[PDB]
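Novice: From just these sequences and the hints, can you work out the full model?
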Amino acid sequence: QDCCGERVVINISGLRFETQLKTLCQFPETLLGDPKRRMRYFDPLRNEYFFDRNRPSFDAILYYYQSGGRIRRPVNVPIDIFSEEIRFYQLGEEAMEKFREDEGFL
Amino acid sequence: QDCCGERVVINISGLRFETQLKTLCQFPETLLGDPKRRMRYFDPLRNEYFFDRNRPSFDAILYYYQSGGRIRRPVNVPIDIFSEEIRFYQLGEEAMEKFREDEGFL
Amino acid sequence: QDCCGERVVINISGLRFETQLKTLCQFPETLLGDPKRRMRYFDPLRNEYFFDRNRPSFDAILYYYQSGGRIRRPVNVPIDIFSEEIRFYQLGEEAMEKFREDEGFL
Amino acid sequence: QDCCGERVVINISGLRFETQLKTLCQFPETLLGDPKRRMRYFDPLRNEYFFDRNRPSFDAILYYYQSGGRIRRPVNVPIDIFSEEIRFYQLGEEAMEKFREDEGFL
Amino acid sequence: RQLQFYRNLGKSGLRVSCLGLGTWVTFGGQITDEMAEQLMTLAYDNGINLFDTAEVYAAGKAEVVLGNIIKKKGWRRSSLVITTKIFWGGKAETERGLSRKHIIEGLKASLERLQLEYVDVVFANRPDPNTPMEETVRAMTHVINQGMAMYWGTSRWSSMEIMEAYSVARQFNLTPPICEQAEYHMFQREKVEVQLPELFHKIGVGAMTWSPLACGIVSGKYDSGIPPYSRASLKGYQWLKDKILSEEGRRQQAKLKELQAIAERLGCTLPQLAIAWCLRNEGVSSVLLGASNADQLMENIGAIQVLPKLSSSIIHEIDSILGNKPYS
Amino acid sequence: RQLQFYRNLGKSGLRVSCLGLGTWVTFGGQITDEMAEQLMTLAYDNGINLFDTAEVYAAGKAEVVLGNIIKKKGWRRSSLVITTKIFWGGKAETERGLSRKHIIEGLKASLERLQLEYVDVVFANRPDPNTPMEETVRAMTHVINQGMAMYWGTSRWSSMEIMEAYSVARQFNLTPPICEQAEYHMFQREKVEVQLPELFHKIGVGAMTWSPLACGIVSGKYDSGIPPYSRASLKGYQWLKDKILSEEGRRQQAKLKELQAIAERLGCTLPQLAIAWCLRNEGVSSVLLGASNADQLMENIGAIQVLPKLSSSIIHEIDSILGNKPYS
Amino acid sequence: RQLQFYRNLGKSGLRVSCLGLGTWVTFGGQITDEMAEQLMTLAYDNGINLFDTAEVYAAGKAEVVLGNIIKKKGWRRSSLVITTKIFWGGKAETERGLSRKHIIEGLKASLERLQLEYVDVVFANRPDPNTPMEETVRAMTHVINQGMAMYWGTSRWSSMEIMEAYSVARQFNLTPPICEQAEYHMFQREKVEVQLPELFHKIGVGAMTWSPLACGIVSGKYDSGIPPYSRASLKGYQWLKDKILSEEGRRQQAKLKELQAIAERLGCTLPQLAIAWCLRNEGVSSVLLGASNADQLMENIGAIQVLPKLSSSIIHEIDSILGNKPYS
Amino acid sequence: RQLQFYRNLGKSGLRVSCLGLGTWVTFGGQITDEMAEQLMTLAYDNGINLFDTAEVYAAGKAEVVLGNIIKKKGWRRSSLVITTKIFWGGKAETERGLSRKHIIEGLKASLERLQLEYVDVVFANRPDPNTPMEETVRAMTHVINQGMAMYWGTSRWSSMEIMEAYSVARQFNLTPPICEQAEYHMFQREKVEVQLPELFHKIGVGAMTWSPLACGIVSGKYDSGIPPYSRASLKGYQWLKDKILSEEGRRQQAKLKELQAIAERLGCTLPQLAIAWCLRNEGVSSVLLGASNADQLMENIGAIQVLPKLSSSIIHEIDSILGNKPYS
Ligand SMILES: NC(=O)c1ccc[n+]([C@@H]2O[C@H](COP(=O)([O-])OP(=O)(O)OC[C@H]3O[C@@H](n4cnc5c(N)ncnc54)[C@H](OP(=O)(O)O)[C@@H]3O)[C@@H](O)[C@H]2O)c1
Ligand SMILES: NC(=O)c1ccc[n+]([C@@H]2O[C@H](COP(=O)([O-])OP(=O)(O)OC[C@H]3O[C@@H](n4cnc5c(N)ncnc54)[C@H](OP(=O)(O)O)[C@@H]3O)[C@@H](O)[C@H]2O)c1
Ligand SMILES: NC(=O)c1ccc[n+]([C@@H]2O[C@H](COP(=O)([O-])OP(=O)(O)OC[C@H]3O[C@@H](n4cnc5c(N)ncnc54)[C@H](OP(=O)(O)O)[C@@H]3O)[C@@H](O)[C@H]2O)c1
Ligand SMILES: NC(=O)c1ccc[n+]([C@@H]2O[C@H](COP(=O)([O-])OP(=O)(O)OC[C@H]3O[C@@H](n4cnc5c(N)ncnc54)[C@H](OP(=O)(O)O)[C@@H]3O)[C@@H](O)[C@H]2O)c1
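Chains as they are written, first to last, in the deposited numbering: chain O, 99 to 204; chain P, 99 to 204; chain J, 99 to 204; chain N, 99 to 204; chain G, 34 to 361; chain M, 34 to 361; chain I, 34 to 361; chain C, 34 to 361.
Derived by calculation from the structure, the hints in this document are not laboratory data.
Check each hint, because a few of them may be wrong.
Cut-off 27 Å, straight-line C-alpha distance, at most; resulting in silico cross-link-like pairs (DSSO-like, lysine-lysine) [claimed, not checked]:
1. M/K104 - O/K120
2. G/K235 - P/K134
3. C/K104 - M/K124
4. M/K358 - O/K134
5. G/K124 - M/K44
6. J/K120 - G/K235
7. M/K104 - G/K141
8. C/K224 - I/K105
9. M/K141 - C/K94
10. G/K44 - I/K106
11. I/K124 - G/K105
12. I/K224 - J/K120
13. N/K134 - C/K224
14. G/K106 - I/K124
15. C/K94 - I/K106
16. G/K105 - P/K134
17. M/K235 - G/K94
18. M/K141 - C/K105
19. G/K124 - M/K124
20. I/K106 - C/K124
Specialist: Written out as structure tokens, the structure reads:
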């Protein structure tokens, strides 16, 4: 559980993101923070994780990890698409609560 | 018609998109869903399909396939450019009807 | 002056654009449409043209060639930066007139 | 201190930017303009500098160097994130003063 | 327009005649060495430059006699195209498959038996489920870069496996294959006609068909029964005899009598029409033949004269008599 | 289901038996050359094709006698799998490590002593902190591309070093390793059971375990004391004798008596149960054995009959007696 | 400033003299071996290090005599630049073109005839429409990496084909060409002056021109008629005689008389002015000469003294007399 | 802590002693072969494994005598590190520079003179403005991949050229250099101290310094005048004598007298202090020595005892006396 120094490449429909492993293992209860859940998306020929999903949401998903827990919806993406992305990436219940608090109506 | 597991790279003026073949073959009546129509855009030296077309529209075109049929115009792109892109990629008549219903005036 | 079939890669500060040569040679009076003017930006080790310039303007610059002559400023870019880009890429005087007509005040 | 002709690749979480060295050495008092400060971010296996930081701010950070000193916040990025990026990249105090003058309230 | 009329093998720069000679059951087995030398001299004097063998044929004796004839007659190496196939090499566990070890050792043993320095094309004889595709493509690229071969191709693969080999080669900057050997005659029409033209138009992989006479069935000699000194009367070939003597063989013999009437109307023999029917489309580059004596080879070469006489009406009449055209 | 039952080494196309013979203390040292030839003939006649040696074992005399037996008996090279390990090569400073110079020179000297042209797998015997990983992967790719080896693997590396070697190979378009040699018996269970299956499921790296009987401890011969002509009575092995005679060895002997009661209930001997216990999971590809005479090897081969008798209740009873199962 | 004044061949590191000696009609044909040895000794003693031949010239006899002279005189290999050209190799179908098989076999046969280990530059003699460009660039990169050549170039290609070869080489990380051989004299001015400087400024491909005297027309010997023992009087050269005797040749002879008046005013001969006119720009690296006897070669070497006397007024006067300057 | 104390050459896996022996003016020139054998035996018996030569030193006679001594004494090749330098190879135009042709031919001629199969490091002796960097890096990668060398480095290059070579190697997936040879003594301090540590911390390029005694100036023998049988009294060395006899040499002799007083206080000789001063920082990997007889070499080896006695106060006192410390 050191998570030290190794770099991880995440491919979202051809758009590539890079980070360190200690950034991802700050939240071990999520899909990307747990090694047992993300192992079915590994591509051995290219050394990356591949997701066939929506592209403008993963900048906010990665900034949730890089800022220590801040949820901020992009202006282009609607409510239901971003809610489905939060439900897929398994960020928890307090991330949904912060999303509903930041979005007003909740 | 299995369309199983093989990955397809689509190059739109230097911007690269990746998906699976079973995502594209859900709609066999379109340009990308039919093997006879998209075969004239294949590049054998690079193993990709190349289109010399408009770049910010193909995110919405790919999300039409990935969401099961939802049409949503990007905020930056005007009406006539996106209508010409829908006419080129041969999404049908019900996609045009959903576009006119979502855009108001229709 | 055939300009047939050969592909051209243009690199704008690390962001890569691809097109065909017959798209560029529709306007032979510009910087990219004339072989004598663009030859000082060629990189022989990488087979591309390199410009150390502003990145969100070249989508509109490329769509000027791909749409047959339509000028449309991006929403993010201000007036003076886009005017300097039009002056650098040598699109002419009627492109400036269409820009001033589309922008209102002219 | 010639800084002549050599190209520099900067990688911001998988998004790649290229520039010349004489563009960066116009401001020797910053992080990227000084060789002693940026040397701890060099990657020798890939010949680039890597930062695990926020992606939509570095277009404005690079345009600060390319335009000779103009600060312009992107429309998507909030105030505090862009202020933290200006504080990290060590642009000085007059860049903060121009940011507060352009943003109104200062 | 088949033999001494040359065309590219796929989309590569290698040019072959459209008739070749095969080194199956005859060479080292059924016929003698002098008859084999007579057949090779008769094939070479008519412009055929393509000869095909394998390491499993009579445990290497076909390769031994093929290397003896070339060294005896003194032909130049630059005027010949020699191919070999590698899957089965011995009784041990490590002497079969498509791993790196067996590909290198089998090609070295085949080149030692043939008394040659290199072959032109090396084929994988059948697909291997126990090996990754990347190891196979890297081993084929290795033996091409060492100078032991010039090209490589596949045999009895499906379209998904050929496309996977192409995509692995494009991913890791390796060498893609150029050819595929498939079975094609008048009663086996599916794969060559419905699956291979898509691969030829997409990635430029040609076809080199084998068994044009269905081991002698379409030649029309088994109508009365089983004649002596045929392939069905040999030991170890009970399956062909059971295929001929069954109830499907009688319907095949009746259709062969009608096709013999058509070929007699055209002015030729039934094996010439059956060989020239396989070359009527541009997706087939070459046809590999087999022959037991010199009269059979001199008759089989004569399909060149009957190839330009195949109009669309005769092809429609043949498809009406046969009745097994696949649906696109 | 171990010897003369073949399986892939990792996810590669190389197929090995699951029992091999090792060239440690016996060969060139403890036993004579005629006994070594008798052991190799007895192993080869039962279907074992895997033989493993190193350049440090008796300063190359094990490689010399192993190359003498193969050349005397006239076996085919394509039916054997030979491995070597390279870290220690001499007394000078430049004759140890994992640099390019020592890898090339050590593999050339080992191939000259073995009288061979190539080996099948070449192992790095231990990790090197003084060399970059890129130099090691480039030197291994170089000796594979020159034809001196077919595959390469690691030994006594951790998971981070194996993953770093894989990522360097994928970055620079080089060749990744295929295997790892780890120690595994009934009193050493941690690494093979908790760290290696993640690597096998992720990047396809198999395991080839060594010392299944803990240098003779689990065989049950040291209960009374130290018998003559054993490994503990040899010169230079005081550490094994001090391990046996200590207070932990008495508890190990009591647990070995209970396991001997279980193995006597099952109908076999204790070394057969101890060898077949290592092969109960699919992550282990092969087990390397050691033997001093032919009776020990003929007893050790007989674990094939007791491998299918291991149900879940017997495994739970063995884990209850041992009491050292690692926590996942 | 041409011979014993050295310059780079294109933008590569190879330095050549700007006069070379060619191995066409004379060597192995028109002249004897002793005259060929005398010509090569006279060229080598004046500082010429560039010698050019081909595999089609007198069916290899030019390469045989060129390899005999070098081995007889004992010159060092590191002080010579030897080039060969490969398109035509025999009468068979597989012995011509630019495929992988013919490139490897033709270069091996040329090196065997020349008694050498390698050449310096290997040229493709003409373009091939039946082969893909990727196969040609991969075969040229293969023979460079095996040590049979150092560089490669093209001959009689257009600019689109050279740019396609460059882009394929940059795409697949292969080796681009360095040179192009084009025809250039006073009545053939289009390609070298209007198409090649763009390629030289863009991708750094130099030019090595051939036939500076138009097979002896610009030398001024055919004004009265056809003298005996000339190239036009030889068998197999009726086309040159029909070109000389036609109505265009009379206008060429009148313009040659005016140019002879200019060259007599300058203090030299007409072949010296015609050779030195080709080297007046920096885009041409070398000029290949031809000679039948030693007096012709000693006269042709003397253009070095008349090269610095070409001012802009004399060039404008020559362009006014000739009247065929291409428009940019 | 210099000789028989080993350290890595840069960040590579090659380990060298920090004293080496150089094959300049003495070998093949000033001294005999028996004295050269005595010097090499005395260096090898004390743990020095690094020996350095070049192809320009006495036209190859230094390489000839260095290859004779190694073959006579029977030392193992794996315990020695041999380096060569290549820029000047002959009188012709094509026998100098850093093109592909001269690199391959010069390394083959050097290996033929040395009677070896490979060298360890091959150096480029000076930069070449007439060759592109990509051709140089591709030729060095070619001779490493063919087995004629293990590593390569530069000599007398600037930092921009070394960084350009690194970036070209990273762009085209080639091999970067590992070392740089620079001049470094007490009166030449700029480059090693202000330019090379940035390259060592960034891309891991070490330094191997030469001339630690300024061809005998810092040794303190020229205070009275020019003694007989010195390097300044030899023919062809008037420049060193004019440097010694000028007005700067008197100030250098006065500073050498003060440094001799310091070294006599420390308990040693002035050449031992001058050699051990070059090794006080970690950016220098090795120092190459020169010696005319065995007493000089036995004195020069004794700097190992005076290396740990250099505290910061003595270094500050030496910098105060010298007065030429560069500013960072
Ligand atoms: N890729 C693969 O895996 C594969 C597999 C099998 C074969 N092949 C290739 O296929 C090639 C062709 O072999 P094939 O024998 O199957 O082709 P074939 O032409 O269909 O077989 C014809 C057989 O019938 C007989 N025959 C030939 N001409 C005749 C004629 N005018 N009249 C009467 N009988 C005639 C011959 O001997 P009989 O009279 O004694 O019958 C001959 O053996 C082989 O050489 C081999 O290289 C490849
Ligand atoms: N990767 C590495 O670094 C590494 C390190 C070490 C070894 N290895 C490999 O491991 C392989 C196995 O060597 P090993 O000797 O340690 O394995 P082992 O099977 O655990 O050792 C068994 C020892 O006990 C004795 N023995 C064997 N069967 C017996 C039986 N039925 N009854 C009583 N005694 C028996 C034998 O001689 P005695 O009776 O005289 O005791 C034998 O030496 C070696 O060949 C080597 O290749 C690899
Ligand atoms: N890249 C290609 O495909 C290609 C094709 C053709 C040639 N080349 C090269 O071009 C090179 C040059 O060959 P070339 O003969 O055509 O060049 P050339 O110099 O134009 O031919 C001159 C001819 O005229 C005669 N001559 C030479 N000097 C003379 C002088 N002072 N006075 C009177 N006559 C003189 C000579 O013999 P005569 O007096 O008997 O006429 C000579 O054969 C050849 O060696 C070949 O390597 C290349
Ligand atoms: N990279 C390059 O381009 C380059 C260029 C030049 C040299 N090098 C290398 O540098 C290495 C060192 O050569 P170097 O001679 O210049 O080094 P050096 O040690 O500075 O030269 C010392 C000279 O002074 C004399 N000497 C040595 N020890 C002495 C002592 N205790 N007392 C009095 N005199 C002593 C010796 O002969 P004398 O008494 O007769 O003077 C010796 O020739 C050479 O071997 C060569 O490989 C490299």
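Novice: The structure should be examined with respect to each hint, and the outcome stated for every one.
Specialist: Hints and how they fare:
no.: 1; hint: M/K104 - O/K120; result: violated (55 Å)
no.: 2; hint: G/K235 - P/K134; result: holds (11 Å)
no.: 3; hint: C/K104 - M/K124; result: holds (21 Å)
no.: 4; hint: M/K358 - O/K134; result: holds (21 Å)
no.: 5; hint: G/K124 - M/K44; result: holds (23 Å)
no.: 6; hint: J/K120 - G/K235; result: holds (24 Å)
no.: 7; hint: M/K104 - G/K141; result: holds (20 Å)
no.: 8; hint: C/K224 - I/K105; result: violated (51 Å)
no.: 9; hint: M/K141 - C/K94; result: violated (31 Å)
no.: 10; hint: G/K44 - I/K106; result: violated (48 Å)
no.: 11; hint: I/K124 - G/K105; result: holds (21 Å)
no.: 12; hint: I/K224 - J/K120; result: holds (24 Å)
no.: 13; hint: N/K134 - C/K224; result: holds (18 Å)
no.: 14; hint: G/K106 - I/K124; result: holds (18 Å)
no.: 15; hint: C/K94 - I/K106; result: holds (26 Å)
no.: 16; hint: G/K105 - P/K134; result: violated (52 Å)
no.: 17; hint: M/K235 - G/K94; result: violated (46 Å)
no.: 18; hint: M/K141 - C/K105; result: holds (23 Å)
no.: 19; hint: G/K124 - M/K124; result: violated (45 Å)
no.: 20; hint: I/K106 - C/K124; result: holds (18 Å)
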